[PDB]
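Just one chain is shown here, as structure tokens, and it is the form solved without its partner chain.
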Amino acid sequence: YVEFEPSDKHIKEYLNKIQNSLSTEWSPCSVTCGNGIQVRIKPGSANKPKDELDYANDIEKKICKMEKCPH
């Protein structure tokens, strides 16, 4: 059945997009309406080089729900 959860592919594409503002603060939501993702660098991973961040272990993720998308 349809998953209705964000995929890791979407999340990885979002990470490329905001790579220059990515930090230990929660990012903006990846969409402006509907469901997206927010990401941040894990607390105890702030010391790691940017090119050595493990997707699963060094990046935190959460779902964000924005206002409904208009027509």
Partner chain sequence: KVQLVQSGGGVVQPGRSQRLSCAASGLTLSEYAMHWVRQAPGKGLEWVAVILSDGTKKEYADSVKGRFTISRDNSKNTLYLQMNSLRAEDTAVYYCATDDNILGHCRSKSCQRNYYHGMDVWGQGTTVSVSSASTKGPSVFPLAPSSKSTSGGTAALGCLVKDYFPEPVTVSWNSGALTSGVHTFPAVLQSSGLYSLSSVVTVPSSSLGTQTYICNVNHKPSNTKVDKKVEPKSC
Given for the second form:
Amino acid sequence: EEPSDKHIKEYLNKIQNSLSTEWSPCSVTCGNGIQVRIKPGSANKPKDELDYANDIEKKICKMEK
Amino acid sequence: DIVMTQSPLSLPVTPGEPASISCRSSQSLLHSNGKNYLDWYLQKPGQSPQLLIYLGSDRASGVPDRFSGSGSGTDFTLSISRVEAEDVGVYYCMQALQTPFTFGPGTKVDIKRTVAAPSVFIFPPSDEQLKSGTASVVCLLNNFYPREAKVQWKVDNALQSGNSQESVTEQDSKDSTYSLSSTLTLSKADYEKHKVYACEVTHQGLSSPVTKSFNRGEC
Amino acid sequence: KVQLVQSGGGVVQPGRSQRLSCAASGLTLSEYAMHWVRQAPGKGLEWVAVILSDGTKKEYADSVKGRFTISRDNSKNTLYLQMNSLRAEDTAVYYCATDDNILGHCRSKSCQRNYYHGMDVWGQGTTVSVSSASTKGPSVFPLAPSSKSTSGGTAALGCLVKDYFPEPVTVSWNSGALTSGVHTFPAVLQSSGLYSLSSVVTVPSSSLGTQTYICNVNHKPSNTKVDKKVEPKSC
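Could I have the structure of this protein in the form solved in complex with its partner chain, to go alongside the form solved without its partner chain above?
Shown next: the complete complex, the earlier chain at its head.
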């Protein structure tokens, strides 16, 4: 189903500074995971000031079962 | 289906001035998740649509600062702090709350310049065409602004109905003018029944309607 | 670059079928729900259909349900639209576009958060023209310059390019040596089902006696090429 907030935030921590305005890789190898990006309109925000709810966009990724 | 409306439908913008387009939906687009599912797209002449604004207020990648979206529920606005020549085209709002996605009718934006009356020119049919059994009469309105114009055909003072078609150019990059053709098509038999062929043009740059005309066969 | 490359389309008779393709390059199609949107000539945008990233939950506009079906092949990074029982009403440019909301959350079912960020990538469009007209090259007629097309030392002249099918034709003047002051008007569709357009140019009136003005009209569908010299009138 939908990746949890816990999952997405864990993933944001794992990708650290590779987070960018481009969609990340899928967070998983099998099943459903998340991809994340810095919202286009937030590209000028210092990384340390990015807000999970308002500056990070999310999309589900569906890998093979 | 959700019905989308826009106003105004035509929006000329003087260089340097801001512009604003209104979009209304027949049902709220505010979702329980807090987002307003309203997009704005621009379609430049001869191009595919492109995304400007999503979720009411978010700018898409590569969209200049001069574009902003505001609003919530059923009432939304696109604001353009200035309209560059490259911003001319048709602006559509679209709800993305639920399928079918539905679009507004479009707002056509152009660059507002000093009023310029058309040069009005008229062309009788060629003898070559007449030999073929048909007569096309062309009226040309050249290099005018604004785009709105009324062109009527009078044949021996009788208004023509149903037998003409217009074509209009896109706004010219350099001088911000338009040109327009109106083509009257008649049978050779009908064409030869009348003398005076007249194009009557009404336009903001003309204090009264201008008539260009010829007598059949004279020149 | 990141691109959706459309193919297919063209002229098709009423009642026949056409299949459109939309091939992604620079992005992975399986990361997107995909939409079709269309635009009839001179009209606004109309949503046509959507398909989720795994091919489930195909949906359609009422205007096409029963006749169109949407499909995809993620392994070929390609989206398709199958159009059956085509009607004149279906003539349009058809566009494909992306959607990050791969599985329809929020708009079709409950969601913990939003996943939609607009339709951000669009194909270049495919024209579908639904018509029974036969391919036909144009007649080219002079729009001859006269006192009735001359003002302030400038004369307008042109060529009327009438009764061709399908679009497009191209018009040059003097084999491309003359471009300034040219206006080649968008084609109009006539009652007959055939197209017609005019190309006009303004030039110095005093040149009419010495400079030949020729419109070069090409209609590739019919392999028609016409050069028409426009002769000036002294009246």
